[PDB]
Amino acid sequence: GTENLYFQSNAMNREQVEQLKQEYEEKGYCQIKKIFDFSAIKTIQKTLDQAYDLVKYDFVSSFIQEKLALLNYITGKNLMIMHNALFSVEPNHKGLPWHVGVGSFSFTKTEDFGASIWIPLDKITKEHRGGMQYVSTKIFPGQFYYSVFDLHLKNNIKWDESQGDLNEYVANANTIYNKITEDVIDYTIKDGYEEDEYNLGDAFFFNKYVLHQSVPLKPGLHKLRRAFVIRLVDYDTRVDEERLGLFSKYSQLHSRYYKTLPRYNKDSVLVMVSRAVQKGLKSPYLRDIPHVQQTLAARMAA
């Protein structure tokens, strides 16, 4: 009786939903099977086949917006899309080692909420891994890592010409952050991480405290590994003005010395939030940043 398809919702299995909420609460992350219709994936995938980096992929927003209610329920937050990034790269690719996204979320207060959706555009198989590994925050409460990173940033802006090459100074500084080498992290986590298989319309949801890494792709298929990565925050997530101060100050040292700008000026959310800040901020909330506020309803749940 297709009479009632119109009055019915394409709803997710309520029991499964309850489980994702339990899982997210355990690990800080959950893999969401069939969060998207194949159709939708093919639409998005097909459209790709067809200051500006800020909005360049906003056509993804509407697909994401339909799911915020689910994610809001899962996390107990009131989520707000900040940025859609397309992350593609060749299969034999060396990525970053386990990390928490202290850069990705540099524009937010450490204690305030941040999270991501990793949306693979091409299937992820047990062969040809090519996806993502991740550690529960029960095992690795990634929050402390942010404080370590801040201590590092403050050390960075201690440099002066007298101390030789800037970048080298930074790479060689004896900072807690530099101490935590790849081996120390591998030793910490050991094998208590997960990696999963993803069919299209599957996504990985994880808050900013989840230590994680991308796995390289096997040549067989496909050509590249394509994924959307979507940064979210909560309705009450605040800016960190001091961190933004640190970056500006580092950006002066860098250009004054290499006559060029650090590559993080390529993070459009960072640039966007920094300008708003310098221009003076009535409010600590990201929601109150004029460009965010203007597009508010598009960034949030129905």
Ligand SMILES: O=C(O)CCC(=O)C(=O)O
Given for the second form:
There are 2 protein chains.
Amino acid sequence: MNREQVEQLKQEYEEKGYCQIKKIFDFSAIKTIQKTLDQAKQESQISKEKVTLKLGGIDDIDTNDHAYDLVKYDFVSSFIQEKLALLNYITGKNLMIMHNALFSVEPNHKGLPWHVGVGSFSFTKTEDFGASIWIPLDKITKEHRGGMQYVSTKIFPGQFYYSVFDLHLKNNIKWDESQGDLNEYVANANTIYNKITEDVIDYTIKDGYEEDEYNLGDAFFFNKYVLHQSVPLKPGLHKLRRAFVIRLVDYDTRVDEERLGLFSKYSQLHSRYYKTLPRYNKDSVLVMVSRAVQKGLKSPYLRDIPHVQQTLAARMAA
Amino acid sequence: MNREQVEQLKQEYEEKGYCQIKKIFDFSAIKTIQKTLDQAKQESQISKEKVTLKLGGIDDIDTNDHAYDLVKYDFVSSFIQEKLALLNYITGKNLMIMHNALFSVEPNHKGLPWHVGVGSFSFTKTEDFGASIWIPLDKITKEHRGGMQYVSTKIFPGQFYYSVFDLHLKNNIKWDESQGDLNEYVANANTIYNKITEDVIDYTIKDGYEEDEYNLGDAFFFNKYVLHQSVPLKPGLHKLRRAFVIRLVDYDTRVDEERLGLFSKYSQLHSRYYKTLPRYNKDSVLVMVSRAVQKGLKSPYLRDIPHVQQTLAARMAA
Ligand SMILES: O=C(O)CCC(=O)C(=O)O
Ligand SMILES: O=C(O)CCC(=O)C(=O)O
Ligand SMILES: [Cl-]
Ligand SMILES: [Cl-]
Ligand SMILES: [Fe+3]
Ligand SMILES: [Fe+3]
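Would you mind generating the form deposited with 2-oxoglutaric acid (AKG) bound now that we have the form deposited without 2-oxoglutaric acid (AKG)?
Then the entire complex follows, led off by the chain already shown.
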């Protein structure tokens, strides 16, 4: 790239925990992502419960598509691997491609509320590294928005939010028939997590968030402590706005068996009460890790999971 | 000591972040502490503002004595140094004696509310080590209580509370004449810190806290992530109940210039508005560190502060 720009990127990420990277993908790569995800999406039937659970059972998710791991690591490296070098440099970390998600919003919807990636990076240790590349597949303009807002970690160091979220999950799991409807129990529980409403976030952050326009080819890179949300899409430009998101960890990132257990139990409890049948795309990263854990782990590191170890070269820089 | 007991102590601290240590001081040491603190206390005139600020300006402190560093490090090592070995072993850390406090409560007062030592260990980095020895100078019984309650870090990992508190301090410091009375501004600000009320703590913790009886000679040892509070003293046993508290850090504990600055600014702002004159006992640890910082620091470590480095032997195990 420019070199001068690359240094500004590194600089900005070091200050904020994020950076918008303009023109990182070529239009041809975008079109390939669009078509491929469009095909993958037509094939499977997906529900709102796994994104709801991921953000703690709060049920304020207003998104159209919430699909995890529709495509595999190989399709992803095929356009991401050549970029890992720039990201490794920006973060001073060695990145491995892991899991992905597709989100979309229709006009006049809130999409996802303010969050940090405690749901996305649930099966990994809080203090270990995690970051995301958010690739919008429909243009984000000043006039129609529909993109994201995001807050410098200088303003909102999101690492503390993980404990708060774990305390809340722990409460979820203490639910009882006596309690009444599970979802209402979770949403009204007097947990610290529930106290942190949008007004509170607003008062905390003020105007310190940033919202940027994106042309196809641009992406947003951010670590898992960055507080962020979807912005509503105004009608008249896109019927729907999609974004494809790649989750990356560090070579040394470790599994967190304890949170993984909390999520499973909560998921289990929710499916049992609501009589639902959670579907996971074959080769979903979460499923793969749960099995390795259920068998018992030899190593703490994600890299030493058998499927990962075998496919490691494709997951990392050349 | 017993050896079998010492292993239970180590075990318990590893689980909970705390342990009650029975009969660690002899009655003679206690009487010496009583007399010495009684003398030191008669001499100086102390206000409620520095404990109020330390817990974020909330003004729910209901204690009689809130005095910091009434005595010096040498008087403290004279009864503490011989115990550092047991504490170093329990925590697997090398402890340095640093600063101290005297708290007392009259019958039917709430003393201090639930807190973690973000006020006590304000000038040190969050992730660096801090712990306290709480030495009650008046007997704590099942019938009159007046002691403390405390929560396992397994139940409430208090490290997250430090960020929450720092976000709140940052808000304190954005106060304006336009805002109105500073204390009311701080107490009503819609900060995450203010959302975490007693009801919320109660809902989070449940009955998971522990309250123990203490005879003179017993003490409570706890790290700075442990959530704890004063319990009311029922009348008819003591006119007043005192406790002397020693704060310890690790040999490798570092100064946090940023929080130190926040506290100073907030303190400054509060004194300016209320026309108050903060007094600090000569050789207060906070004052000593502020000067070293204001001069500019050569090293990040507390040990490398000049006064500390000179007096290091007395601060550490033999
Ligand atoms: O695409 C969106 O609106 C939200 C995406 C998101 O939260 C993420 O990629 O982590
Ligand atoms: O003595 C009391 O009631 C409270 C003491 C306290 O909070 C401490 O020693 O950290
Ligand atoms: Cl996320
Ligand atoms: Cl404390
Ligand atoms: Fe997200
Ligand atoms: Fe305390």
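Numbering follows the first chain given and starts at 1. Only the largest set of C-alpha atoms that superpose within 1.5 Å between the two forms is called the rigid core.
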property: Listed options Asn167, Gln133, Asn72, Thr125; Cα moving by 2 angstroms or more between the two forms (core superposition); result: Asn167
property: Per-residue C-alpha change between the two forms, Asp267, threshold 2 Å, rigid core fit; result: yes
property: Residue shift check between the two forms, rigid core fit, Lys33 Cα at least 2 Å; result: no
property: Is_shifted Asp58 between the two forms (CA, 2 Å cut-off, rigid core); result: yes
